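For reference, the chain that follows is the form solved without the ligand, supplied as structure tokens.
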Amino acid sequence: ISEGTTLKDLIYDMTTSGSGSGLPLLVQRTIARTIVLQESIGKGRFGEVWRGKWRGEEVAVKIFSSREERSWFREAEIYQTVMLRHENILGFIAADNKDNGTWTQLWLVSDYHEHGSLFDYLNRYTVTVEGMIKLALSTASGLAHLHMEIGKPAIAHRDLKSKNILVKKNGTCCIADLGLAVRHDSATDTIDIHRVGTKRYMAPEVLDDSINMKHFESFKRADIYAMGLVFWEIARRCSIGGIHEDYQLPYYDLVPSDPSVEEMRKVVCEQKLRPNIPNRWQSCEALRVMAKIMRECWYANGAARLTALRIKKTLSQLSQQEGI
């Protein structure tokens, strides 16, 4: 990387001429080992996420704990091997490793989004009907692209939630955290594979353990159910005429912080309960369309739920009718 080169230049180059594939390993290494960390931004099972700068420009750095090397590799593997680039998917920049044994240092580098996670964004703000559409549409667009097979294999996130989604300056979203993701090669009907993910968003089939992990579709479906819970968190903060609910996680009133697999299973599987869809949401077209989707996402039977592409389509429709 010569003098004057900027992050933008790099990204632009892989994005255009790059031909699906990303920066050269040597370049990734150089970027990584030449970044300057600012401060921490968040944690997780993996490790910590930091806000860093590369030659002035901001960037996000996920630093893994030596004992979490599998997550580091898995996620980098899915990004690079697949050449999975998309407006609504956290933009991968580089991967790198540094020490030996116990002190091995594993990093991943991506675009930086000052707004943080959708979770933080919704706790900090309320949103326009237009704003709500932007967020939901983008999120659906991304999940649609992940599930879509092309080229690239189909991918199931396996851990969707407001905290794994980031919001850009332009009020759009991008899925993030592919550490638990699963791939499906149709041409071989194989899936490099154990219930994982945040309990609060686990789908019904997943909770009672009735899910068939032999059919890749099972995973795509569980993704939709959670994406529905996310749309719920969003619409809740869609303020029309000063009226809006306070930010709340799904099932915030039916189960304790840090729900157990059992606590969740009782409310979701047994009691067959779902987040409460407010009455006022019948107000405008938008709120209705959304409420509609949410229901067609929460079905106990997965094969009955809507598909990501489906939601992207109908949500894309509601958007043109809004002149967005």
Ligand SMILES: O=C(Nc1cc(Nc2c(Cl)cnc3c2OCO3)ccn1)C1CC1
Contents of the next structure:
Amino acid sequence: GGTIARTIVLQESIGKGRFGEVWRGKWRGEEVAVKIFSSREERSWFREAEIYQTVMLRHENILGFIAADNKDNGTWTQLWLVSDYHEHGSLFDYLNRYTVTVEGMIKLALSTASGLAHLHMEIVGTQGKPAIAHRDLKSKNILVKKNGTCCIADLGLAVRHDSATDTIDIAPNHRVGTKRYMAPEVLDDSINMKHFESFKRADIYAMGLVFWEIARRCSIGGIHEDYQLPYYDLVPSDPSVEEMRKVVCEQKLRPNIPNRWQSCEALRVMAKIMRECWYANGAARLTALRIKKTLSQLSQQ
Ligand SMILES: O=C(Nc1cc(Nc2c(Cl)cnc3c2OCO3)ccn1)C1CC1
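In place of the form solved without the ligand, the structure of the form solved in complex with the ligand is requested.
Shown next: the complete complex, the earlier chain at its head.
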């Protein structure tokens, strides 16, 4: 019989995401992470399996996919996605728990940017990889590895591009992701969803917000900010699209960039990146590749 889900033993509930539930399990004694969906969540499970099985997707900054599988407990069927397990868990949890050095902040930012640039990059060839946009990037969907680098997870809302015929592989709906991190053009439904570049540009805005979350926790001489989500100072917990739109589109506010960040070159570079991710017009935003190059150069300095 089956060689994956059949031989994995669940040990601990991690939490619920948008769809399904995440567990820590053991496969041949090795820790793995398992996202479990019910029968009525088959479409979400299949789509996420489909994205993870994209040719040439594997990358140190994308969550390591092990397998999609079914498991029948004798009463109902569970739909499984099995991945690498990372003890730290999400970047959200990590940044709540800890402060980071300049070096640590750069490692988190660069690795996140490298993951995104890999998603975004079309790789030509017989085993070519289509460009992929995530559509729900946030600190809760990025995991921190033991080596202090990040990998991106939760690929179920992603869209894939066919460059040749110029088509996206699904018919995407407006506003599928996390409201707090929606780009201005997503918030007001102005985004042109026939244009794949628009989804890439929306991801960059969200990454900018994640970079802000990280930079806050960069402690220099004991001085740092408390952990906050972007827009903590302007919208309620669990904000509505209208609440978000009023702040982001009408008032045109972005997360505050503290004065203390100009006094350190690494923070200065990060703050400049954030601004250039946060333009209301997506076409003006930096690319993931450019951001990766800037952070790579910085980590060398
Ligand atoms: O939570 C922890 N680790 C952890 C959590 C993961 N979450 C996810 C996410 Cl976010 C999305 N898709 C998944 C996941 O697992 C399978 O598919 C993955 C790996 N490791 C440690 C704090 C206990």
